[PDB]
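Q: Listed here are the chains, written in short residue letters.
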Amino acid sequence: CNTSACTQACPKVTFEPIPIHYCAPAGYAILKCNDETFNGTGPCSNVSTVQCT
Amino acid sequence: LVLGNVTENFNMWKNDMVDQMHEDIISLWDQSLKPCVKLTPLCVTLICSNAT
Amino acid sequence: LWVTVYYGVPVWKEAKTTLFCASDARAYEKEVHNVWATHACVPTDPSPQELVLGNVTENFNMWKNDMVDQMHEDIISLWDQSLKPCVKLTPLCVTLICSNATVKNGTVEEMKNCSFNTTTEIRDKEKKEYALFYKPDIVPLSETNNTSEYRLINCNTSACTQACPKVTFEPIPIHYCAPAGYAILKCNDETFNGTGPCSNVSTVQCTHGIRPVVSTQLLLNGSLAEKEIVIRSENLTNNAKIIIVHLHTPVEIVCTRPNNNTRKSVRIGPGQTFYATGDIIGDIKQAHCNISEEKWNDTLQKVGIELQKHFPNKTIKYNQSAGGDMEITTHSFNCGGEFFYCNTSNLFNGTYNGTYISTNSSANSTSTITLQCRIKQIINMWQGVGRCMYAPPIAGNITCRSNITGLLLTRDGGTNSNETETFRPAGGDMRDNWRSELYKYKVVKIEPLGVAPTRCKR
Amino acid sequence: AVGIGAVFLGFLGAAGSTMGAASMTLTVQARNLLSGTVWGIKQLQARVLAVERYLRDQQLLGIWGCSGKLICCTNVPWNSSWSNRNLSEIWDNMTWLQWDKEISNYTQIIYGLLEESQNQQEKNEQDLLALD
Amino acid sequence: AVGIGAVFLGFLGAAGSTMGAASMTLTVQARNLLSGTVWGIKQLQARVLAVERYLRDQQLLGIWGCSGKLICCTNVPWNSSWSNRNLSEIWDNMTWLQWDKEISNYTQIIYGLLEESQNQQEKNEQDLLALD
Amino acid sequence: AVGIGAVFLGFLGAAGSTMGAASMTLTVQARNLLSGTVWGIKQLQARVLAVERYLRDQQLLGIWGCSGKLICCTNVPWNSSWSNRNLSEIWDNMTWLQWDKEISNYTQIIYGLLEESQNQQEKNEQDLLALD
Ligand SMILES: *[C@@H]1O[C@H](CO)[C@@H](O[C@@H]2O[C@H](CO)[C@@H](O[C@@H]3O[C@H](CO[C@H]4O[C@H](CO[C@H]5O[C@H](CO)[C@@H](O)[C@H](O)[C@@H]5O)[C@@H](O)[C@H](O[C@H]5O[C@H](CO)[C@@H](O)[C@H](O)[C@@H]5O)[C@@H]4O)[C@@H](O)[C@H](O)[C@@H]3O)[C@H](O)[C@H]2NC(C)=O)[C@H](O)[C@H]1NC(C)=O
Ligand SMILES: *[C@@H]1O[C@H](CO)[C@@H](O[C@@H]2O[C@H](CO)[C@@H](O[C@@H]3O[C@H](CO[C@H]4O[C@H](CO[C@H]5O[C@H](CO)[C@@H](O)[C@H](O)[C@@H]5O)[C@@H](O)[C@H](O)[C@@H]4O)[C@@H](O)[C@H](O)[C@@H]3O)[C@H](O)[C@H]2NC(C)=O)[C@H](O)[C@H]1NC(C)=O
Ligand SMILES: *[C@@H]1O[C@H](CO)[C@@H](O[C@@H]2O[C@H](CO)[C@@H](O)[C@H](O)[C@H]2NC(C)=O)[C@H](O)[C@H]1NC(C)=O
Ligand SMILES: *[C@@H]1O[C@H](CO)[C@@H](O[C@@H]2O[C@H](CO)[C@@H](O)[C@H](O)[C@H]2NC(C)=O)[C@H](O)[C@H]1NC(C)=O
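Line by line, the protein sequences are chains A, B, C, D, E and F. Each residue of the first sequence is one higher than the one before, counting from 508 in our numbering. Each residue of the second sequence is one higher than the one before, counting from 609 in our numbering. Each residue of the third sequence is one higher than the one before, counting from 735 in our numbering. Each residue of the fourth sequence is one higher than the one before, counting from 659 in our numbering. Each residue of the fifth sequence is one higher than the one before, counting from 659 in our numbering. Each residue of the sixth sequence is one higher than the one before, counting from 659 in our numbering.
Same shape as in the complex, but just chain A:
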C-alpha cells in the first residue's frame, strides 16, 4: 500500500516447474554442444542438431 497493490495468487493454479522445451521455427535449427569438458565459451568439436531442447 506504500508502493503497489498485491494480487492474491489463485489457489487453483500451481507453482510446479513443469519442464519446457524451447524449439526453433521452420528454417532454423538448434545446435547442441556435446563436449563433456565444455566450459561454456569457445569452440565445440562435437556438435549435434536438434529441433526442441
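I should point out that these hints are in silico values taken from the structure, not numbers from a laboratory. Careful, some of the hints might be misleading.
[Said to hold, decoys possible] Straight-line alpha carbon distances no greater than 30 Å define the calculated DSS-like cross-link-like pairs of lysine-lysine that follow: (1) C:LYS818 <-> C:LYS861; (2) D:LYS700 <-> C:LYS822; (3) C:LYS764 <-> C:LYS900; (4) C:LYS975 <-> C:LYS1051; (5) E:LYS700 <-> D:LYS700; (6) A:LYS519 <-> C:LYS818; (7) E:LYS781 <-> F:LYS759; (8) C:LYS900 <-> D:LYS700; (9) A:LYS539 <-> B:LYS622; (10) C:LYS1191 <-> D:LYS759; (11) F:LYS700 <-> C:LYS900; (12) B:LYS646 <-> A:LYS519; (13) C:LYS961 <-> C:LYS1036; (14) C:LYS1110 <-> C:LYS822; (15) C:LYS764 <-> F:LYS700; (16) D:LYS759 <-> C:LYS750; (17) C:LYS1179 <-> D:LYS700; (18) F:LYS781 <-> C:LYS1191; (19) C:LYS764 <-> B:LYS622; (20) C:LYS750 <-> D:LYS700.
[As the list claims (entries may be wrong)] Here are some, though not all, of the chain D residues that point toward chain F, as calculated from beta-carbon distances under 7 Å: (21) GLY661; (22) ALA664; (23) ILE729.
We put the beta carbon where it would ideally sit given N, CA and C, even for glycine.
Take the given structure of chain A and dock chains B, C, D, E and F with the ligands to it, following the hints.
A: This is chains B, C, D, E and F with the ligands only, laid out in the frame that chain A set:
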C-alpha cells in the same frame, strides 16, 4: 542427430535464448495473475495483538 | 496472332490497404514508451529512394483519400493505447472547497486554491490536501446555499485519466509505408492544387516524415510549398468547406508561460500519485504568444492576392472567429506539455483592396502582435478515445518557438452582394491538419499479370 | 538458358515506356513483391497480404503452362474483336498502363477463353509417352 | 502445352465419377486452394492455414520433378502387392475417393520408395551437360 | 530425371562432408523448411516466418530459371578473382560451410552479375518461336 567433422563456436554470456526465456517467464507469470483477486480492501489499519 | 501472358507488368489500380509506420533510427536510442514511434515502428532508411518515372500522367485527389482517415484512426487508437497504464484518478470527484488563491498578498484571476479531502493509501483514513486549479477546470457544484464549494469539470460525463509524466507529447515524424505488392505515388508538381491530373509522378515506398501536430486555426511546423502560396478547397463555391492555405514562407510564432509554477505530488490510493500545481514562486504574469506584425501583414496581403485569383473583382476581408466554446474559437495547441488556447482576434483583423503595400517605411521593424492565451489541464480531446485526459503540470516557466506554415480559413455566408466576402479561422475536425500534409501521396495496388497478342505460338 | 536477372531501373521505372521496353524490366516488378518487418497487429496482416496475393499470381501461371516469371506464349487464338489493332501499333508506341485500360474489360473472358482444360494436353503428352 | 485453364464443373463435381473422368477437371481442385477475407484473430489463422497447406503440396511435387499442377508420371517400379489389379479395372470404374482407401495405407512407403535418389539424377543431367 | 526424393541422413547430416557429398542430400535441407502448430501470438510469427523466408528462396531460383529445388548450372562466366582455386581442390576436400565463408563476401556482386539478362533471352526464345 550427431553431425560430421563440424567445429562450432558456442557462448553463454551473450546468448539470446536466456533473455527471451526470462521475458517469456515474466510475461507468462504476469498473464497467470490477471483473473485473480487484486485484494485492495486489505489496506485498512490492522490492529495486531500478540498471537498467543 | 495468339494471346500471350506477361508477369511483372507495371499496371496500377488504386485500392485500400493497411499502411504501416516507419521512424528514424535515433529515436530508438531512447527508452521504450517515451513516444509511440520508437516503441514498435520499423527503422526507416534512405535506401528506398525517390524514383522519378517516365511519361506517366496520374490523377490525384485529397478530399476522398484513405490515408488521412487511416492516419486519424491510428492516432486516435495509439493515443488511446498510451493512456491505458496511467492513473485513472477517480477519488478526485470529491467536493472541492475553493477559496481565492491569493499568491503572496494578492489574488490571481485564473487559479483557485481548492482544498479537498483525499483518501490516502489506507482506505479508512483521509487527509486534507490542497492544489491550485485553473478556472476552466472548475465548475460550481450546485444551486445550494454555498458559493465556496466547487467541482471538477468532469464527473458529470466521464472520468479522466491523468497523462503519465514519463511519456511525451513531442511530434516525432511518422513515415507511412505501403506493404509489398503496393506502391506510393508522389505528385511532384509545384503548382499542384490537390485535385486533378499530375504530370510529374514518382514512386516511393515510405512517405516523408509527417509531424502529427494537433492544432486548430493555424498549422504549425508543417511542410512548405515550393514556389507559391497554394490555396486548396474541395469546392470554393460552397461556404462550408475549410479553405486550407499553404504558405511558401513560414511565420515564426513564439509562445510562453512566464509565471514560475511548481509541481506537488498527492498520493491517491496505493502506490499511484496525482500531480498538481503548488505555489507560484515569483510574480504573476500573462501567458502569451508573439507574432511579428510586418511579416504577418505581408503574409495576409499575399493570401489576399492568391485569394483574389479566385475572386477577381472583390476585395478580401479577414474577420475574427465565430465564437462559442473556448476550445472551438481559440488557437488550441500544445506548448511543450501545457495546452494553450490563444485568442486570435488581433491576427485576423484587416482587409486587402488589390494594391500591395511593401513592408518598408515601417513604424518599427520590431513591432509584434501579442495574443493572450488561457491554459487548460482537463483536455476533452476527442471522441471514442477515452474522451478526456488530465495533463499534469510542468515546473518552471515554459517557452516554445515554432513556424506557421498553413492556415484554415472559412468564408462567411453569401449576403448583401458583398464586395469583401470575409474569412474567419476554423477548426474542430483534426483530419484537415493531416490532410494538408498527405496531399502529394496516393497508394496503388500492382497488378503484374498482363495479356498481349503476338506472333508466338507454343 | 542463362541464370541471371533484372535491370537497374528500379521498381516502376519502365512505366510510361513502350510495350517493347516494358517487355524488358519484367524481372524487377516480379522481384519486389515480398518483404518482411514488424509493427504489430496492424502490420502482421500487411505481411500476409503480400503472400496471399503473390501465390495467386503463382496459381494462374502455374496453370497456363508458364510456371514462372517470364514471357509465356500460348496457342490459343486471339479473337480480333478484343483490340482490332495490328502488332506494330500496339508494341512500339502504347504503354502497358494504357493497354490495360483497353484490355481489362475483356481480361475476364480472355482468362475465360484460357479455360476448360490444360489438363487434356497434360494427357496428350502422356499419350505420347504411355501409348507412343 | 496449351494456354487454357479450368473447366466449369465446380469444386468437387468430378467426385463420384471414374478415375479417367477425374483425371480431367484436376485444374478446378487445383484452382480453389487459396482465398482471403477478414474476421479477426479466429479467421487470421484461417488465412495462414490456407498457405501452410498449399506450399506443402508445392514442396513434394517440386521434390519429385513434377513442379506444377499436372499429370506427373515417374519411373519408380510399381510393386504388385500394393493393388494387385490391372489398369482397366482401376481406371474405368473406380473413383479416386475409393482408390485412396486402398492406397493410403501404402502412400507413406510409396514416398518411402520415392525416397532415396532424385538428386543423383539431377547430377546425372549435370554429368550429361558437363562431361558430355 | 527420376521420380524419387530425399535421403535418410536427416536435416544436417551432410554438414562437415565434402562438396561432392553435400551435392547429394540437398533435398532434405529443402524439405524441412515448412511446418505448422500453435502456441499463440508468439508462435504465429514462427508460422509466417517459415513462409516469408521460404518463398524468397523460391523467388531467386525462379528469377534465374532454375525453378525448383535442384542443381542449376548457368553460363555466366566465373571471374577467377572470386576463389583463385581449381575444381578438384574445391569439390573433393572443402565443406559448403567453409566455402560460404570465402564466397559470401562476393555473393552480393555475384548476384549482381546474376542481374542483367534473363528477360532478353525470354524475348530471344520468343523470337526463335515466332520469327523462326
Ligand atoms: C486471534 O485473535 C482472535 C480475535 O481477534 C481470537 O478469537 C477470539 O478468541 C477468544 C478466546 O478464545 C474468544 O473469546 C472467548 O469466547 C468464548 C465463547 O465460547 C463459547 O461460544 C462459542 C461460540 O462463539 C460465540 O461466542 C463468542 C463470544 O461471545 C462470539 O464472539 C462468537 O462470534 C460466537 O457467537 C462456542 O462454540 C463454545 O462452545 C464450545 O466450547 C465448549 C467449552 O468451552 C464446549 O463444551 C462446546 O462443546 C463447544 O465446543 C463456547 O460455548 C467465551 O465464553 C469467553 O468468555 C471468551 O470471550 C473470542 O470469541 C474469539 N473471537 C473470534 C472472533 O473468534 C483468536 O482466538 C486468536 N487466535 C490466536 C491463535 O491467537
Ligand atoms: C492555498 O491554501 C492552503 C490551505 O488550503 C494554504 O496553506 C496554508 O497556508 C497558511 C498561510 O501561510 C498556513 O498557515 C500559517 O502557518 C504558520 C506556520 O508556520 C510555522 O510552521 C511551519 C511548518 O508548518 C506547520 O504548522 C502549520 C500551522 O500549524 C501546520 O498547518 C502545518 O501542517 C505544519 O505542521 C514552519 O516551516 C515555519 O517555519 C513556521 O515556524 C502559522 O504560524 C500561521 O499562523 C498560519 O497558521 C498553513 O499552514 C498552510 N497549510 C497547509 C496545509 O499548507 C496555501 O498557503 C494557499 N496557497 C496559495 C498560493 O494561496
Ligand atoms: C498581506 O496582507 C496580510 C493582511 O493584511 C498581512 O498579514 C497580516 O497583516 C495584519 C495587518 O496588516 C496583521 O494583523 C497580521 O499579524 C498579519 N498576519 C500575518 C500572518 O502576517 C501580510 O503581512 C501581508 N503580506 C504578505 C507578504 O503576506
Ligand atoms: C525563464 O525566464 C528567463 C528570464 O525571464 C528566460 O531567460 C531568457 O531566455 C531567452 C530565450 O530566448 C534569452 O533570450 C534571454 O537572454 C534569457 N534571459 C533573460 C534575462 O531574459 C528563460 O529562458 C525562461 N525559461 C525557459 C525554459 O524558457
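Q: Decide, hint by hint, whether the structure agrees.
A: Hints versus structure:
Simply put, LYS818 (chain C) and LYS861 (chain C) have alpha-carbon atoms about 28 Å apart, close enough for the 30 Å limit, and the pair holds. Restraint check: the Cα-Cα separation between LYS700 (chain D) and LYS822 (chain C) comes to about 27 Å, which is no more than 30 Å; the hinted pair holds. Distance check on the hinted pair: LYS764 (chain C) and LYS900 (chain C) sit about 12 Å apart at the alpha-carbon level, within 30 Å; holds. With a CA separation close to 18 Å, the supplied pair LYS975 (chain C) and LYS1051 (chain C) stays within the 30 Å bound.
Only pairs whose Cα atoms come within 30 Å are accepted, and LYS700 (chain E) paired with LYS700 (chain D) is accepted, the gap being roughly 16 Å. For a cut-off of 30 Å, the pair hint linking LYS519 (chain A) to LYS818 (chain C) stands: about 29 Å separates their Cα positions. Between the alpha carbons of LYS781 (chain E) and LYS759 (chain F) the distance comes to roughly 25 Å, so the proposed pair stays at or under 30 Å and holds. For the hint pairing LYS900 (chain C) with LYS700 (chain D), the CA-to-CA distance comes to about 25 Å; that is within 30 Å, so the pair holds.
About 16 Å separates the Cα atoms of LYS539 (chain A) and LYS622 (chain B), which keeps this hinted pair within 30 Å; it holds. Simply put, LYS1191 (chain C) and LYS759 (chain D) have alpha-carbon atoms about 25 Å apart, close enough for the 30 Å limit, and the pair holds. The suggested pairing of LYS700 (chain F) with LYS900 (chain C) holds, with an alpha-carbon distance near 28 Å, which does not exceed 30 Å. Straight-line distance between C-alpha atoms of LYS646 (chain B) and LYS519 (chain A) comes to about 16 Å, which keeps the hinted pair within the 30 Å bound.
Taken as a hint, the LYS961 (chain C) and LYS1036 (chain C) pair is honoured in the structure, with Cα atoms around 13 Å apart against an allowance of 30 Å. Under the criterion of a C-alpha separation no larger than 30 Å, the hint pairing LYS1110 (chain C) with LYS822 (chain C) is consistent with the structure, at around 18 Å. The suggested pairing of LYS764 (chain C) with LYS700 (chain F) holds, with an alpha-carbon distance near 25 Å, which does not exceed 30 Å. Taking the CA atoms of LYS759 (chain D) and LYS750 (chain C), the gap is near 20 Å; set against the 30 Å cutoff, the hint holds.
Using a Cα cut-off of 30 Å, the hinted pair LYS1179 (chain C) and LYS700 (chain D) holds, with the two alpha carbons roughly 18 Å apart. Of the supplied pair hints, the one linking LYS781 (chain F) and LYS1191 (chain C) holds, its CA atoms being roughly 13 Å apart against a limit of 30 Å. Restraint check: the Cα-Cα separation between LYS764 (chain C) and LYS622 (chain B) comes to about 22 Å, which is no more than 30 Å; the hinted pair holds. Distance restraint check for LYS750 (chain C) and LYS700 (chain D): the Cα-Cα separation of roughly 14 Å lies within the 30 Å cut-off, and the hinted pair is therefore satisfied.
Interface hint at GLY661 (chain D): satisfied, since its Cβ lies 3 Å from the closest Cβ of chain F, which is below the 7 Å cut-off. With its C-beta approaching chain F no nearer than about 5 Å, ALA664 (chain D) sits inside the 7 Å limit, and its interface hint holds. Taking 7 Å as the C-beta contact cut-off toward chain F, the hint placing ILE729 (chain D) at the interface holds, the least distance being around 4 Å.
In summary, this structure violates none of the numbered hints.
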